[PDB]
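Visitor: Full structure from sequences and hints, please.
Number of protein chains: 4
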Amino acid sequence: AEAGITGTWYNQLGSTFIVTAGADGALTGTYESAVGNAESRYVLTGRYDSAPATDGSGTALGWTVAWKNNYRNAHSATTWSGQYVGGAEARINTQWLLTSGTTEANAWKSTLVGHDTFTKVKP
Amino acid sequence: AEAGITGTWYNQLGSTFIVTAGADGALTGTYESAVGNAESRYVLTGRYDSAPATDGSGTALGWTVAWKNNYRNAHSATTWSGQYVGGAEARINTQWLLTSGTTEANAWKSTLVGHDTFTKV
Amino acid sequence: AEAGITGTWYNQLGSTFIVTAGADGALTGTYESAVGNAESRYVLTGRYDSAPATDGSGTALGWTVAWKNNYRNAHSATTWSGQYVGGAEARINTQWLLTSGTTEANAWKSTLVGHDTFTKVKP
Amino acid sequence: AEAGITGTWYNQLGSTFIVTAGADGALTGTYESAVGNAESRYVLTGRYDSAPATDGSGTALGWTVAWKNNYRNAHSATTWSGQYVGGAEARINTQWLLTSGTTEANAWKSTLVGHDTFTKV
Ligand SMILES: N=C1N[C@H]2[C@H](CS[C@H]2CCCCC(=O)O)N1
Ligand SMILES: N=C1N[C@H]2[C@H](CS[C@H]2CCCCC(=O)O)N1
Ligand SMILES: N=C1N[C@H]2[C@H](CS[C@H]2CCCCC(=O)O)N1
Ligand SMILES: N=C1N[C@H]2[C@H](CS[C@H]2CCCCC(=O)O)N1
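Protein chains in written order, with the UniProt record's numbering: chain D, 37 to 159; chain F, 37 to 157; chain U, 37 to 159; chain X, 37 to 157.
Note that these hints are calculated values from the structure, not bench results.
Watch out, some of these pointers could steer you wrong.
To be verified - Simulated pairs of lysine-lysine, BS3-like, Cα-Cα distance not exceeding 25 Å:
1) 145(F) - 145(U)
2) 156(F) - 156(D)
3) 156(U) - 145(D)
4) 156(U) - 145(X)
5) 145(X) - 145(F)
6) 145(X) - 145(D)
Guide: Written out as structure tokens, the structure is:
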């Protein structure tokens with residue numbers, strides 16, 4: 037459901053995710069991180085399944101944030117891959133990958149992996 | 037480096053990805069996979085660092101593909117996170133996460149992880 | 037601390053992890069999973085940092101379970117990588133990789149990734 | 037397949053791993069890395085499927101290395117999860133997780149993920 041996803045969400049670290057789910061399966065919005073070499077809002081773009089299953093299955097989605105805005109550039113990008121689970125307590129459960137640009141030599145230590153859970157607050 | 041991300045790339049599995057990199061960090065294009073519950077092209081959208089470091093570092097990027105098009109709906113989405121390295125042989129080294137929408141019961145087994153390397157060859 | 041780690045632990049899915057931390061950095065014990073093509077106990081082996089930092093840092097560790105015992109064989113193995121955090125509420129926070137043996141053709145869909153949190157019950 | 041996992045393997049980064057595979061699924065040996073806060077050999081322990089499927093499937097395995105030896109202590113541990121494929125050119129394809137002990141504050145950035153391919157060459 038696009039409307040289900042559309043809104044303001046927050047995760048356990050205190051980050052803000054403002055997203056709009058478009059009818060063609062598009063996701064656009066802004067991300068505000070509570071951690072890292074990150075200041076202010078960052079543009080996010082993603083995709084979700086706009087025709088999910090009619091049973092109790094989550095809606096698959098994913099989005100990317102490149103950590104560069106007009107104030108900072110961390111030379112890194114995070115992709116979140118997960119599912120939206122609707123109900124009274126709507127959640128987005130994700131696993132993420134954070135890759136930093138590196139020299140060829142340090143490429144083996146370029147990617148962090150973790151997981152985030154988002155709770156919806158507003159539309 | 038420079039507009040070099042724009043182009044048609046191919047990975048080890050025969051998948052093709054056509055992308056346009058916008059001056060300000062946007063990535064847009066299509067993806068056509070050769071594996072999984074996939075048939076035809078799919079829209080892709082992502083972001084990349086449009087001001088990378090001057091030292092010899094790669095360009096951080098990432099993109100998403102929801103596997104639903106007019107033909108098929110696999111109820112899943114893959115995100116690729118990596119970095120582009122230009123030169124005589126430009127390549128995009130990535131790690132990816134593929135999440136399938138599941139019931140809560142099967143949520144523990146909802147995400148696959150792998151790696152793909154793309155070249156313009 | 038070996039004694040801190042040694043004991044009975046359980047995670048959010050209802051699985052049991054019985055482990056002994058040896059003085060040389062070794063971990064041995066048994067795992068009982070509440071999910072998958074898994075029945076009864078399985079042998080686990082792992083390693084942990086037996087000389088961790090004197091500040092509030094967790095203790096790094098990891099272990100493997102090959103899902104084959106005398107009753108079942110799932111042809112798969114899981115490795116858990118994480119940290120032990122001591123206190124009154126001792127936890128082991130992990131991220132895991134589950135690889136299934138596959139044909140070359142299906143190798144791209146051989147590995148699942150997830151995360152588990154363990155709470156200690158007994159010594 | 038068979039006792040073929042036993043041996044000395046090498047990965048793309050120059051690391052060497054010497055392993056003995058026990059009849060019942062145990063893996064024991066040493067690892068010597070060429071990258072990170074590492075100096076000399078480290079003990080490794082793991083498990084593998086000692087009764088793999090007869091169809092053309094790989095042998096599931098995994099092992100752990102805590103990065104502490106008599107010389108160095110990096111306060112970290114890496115786990116590799118993958119599968120062995122025998123043949124004219126045997127190889128072990130793996131994905132790994134490297135966790136560093138951190139304060140709670142930095143727990144979000146405690147784990148690196150990558151992939152390594154080992155051959156006997
Ligand atoms: N809300 C979250 N913040 C951290 C995790 C995943 S990405 C990350 C922020 C990184 C900030 C910029 C950086 O350090 O590169 N979730
Ligand atoms: N080129 C790639 N194709 C496979 C891997 C990761 S994404 C995947 C295709 C999956 C298609 C949809 C599905 O089976 O659910 N990389
Ligand atoms: N306690 C847990 N059980 C599942 C996760 C990670 S490994 C897994 C069990 C798999 C059981 C055997 C299998 O299906 O291959 N944690
Ligand atoms: N052969 C490999 N070496 C690096 C990757 C994953 S494990 C890593 C070595 C890390 C050494 C310890 C450290 O820096 O903390 N594979």
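Visitor: Take the C-alpha atoms of residue 156(U) and residue 145(X), compute the straight-line distance between them, and say whether it is at most 25 Å.
Guide: Between residue 156(U) and residue 145(X) the Cα gap is close to 24 Å, so the pair holds against 25 Å.
Visitor: For the pair supplied as a hint, residue 145(F) and residue 145(U), confirm whether the alpha-carbon distance does not exceed 25 Å.
Guide: Holds, at about 12 Å.
Visitor: Is residue 156(F) within 25 Å of residue 156(D), Cα to Cα?
Guide: 41 Å, violated
Visitor: When you check the alpha-carbon spacing of residue 145(X) and residue 145(F), does it fall within 25 Å?
Guide: 23 Å, holds
Visitor: Is the hinted pair residue 145(X) and residue 145(D) satisfied, with a Cα-Cα distance of at most 25 Å?
Guide: 12 Å, holds
Visitor: Measure nothing beyond the straight line between the CA atoms of residue 156(U) and residue 145(D); if it is 25 Å or shorter, mark the hint as holding.
Guide: 32 Å, violated
Consistency with the previously given hints fails for numbers 2, 3, ordered from lowest to highest.
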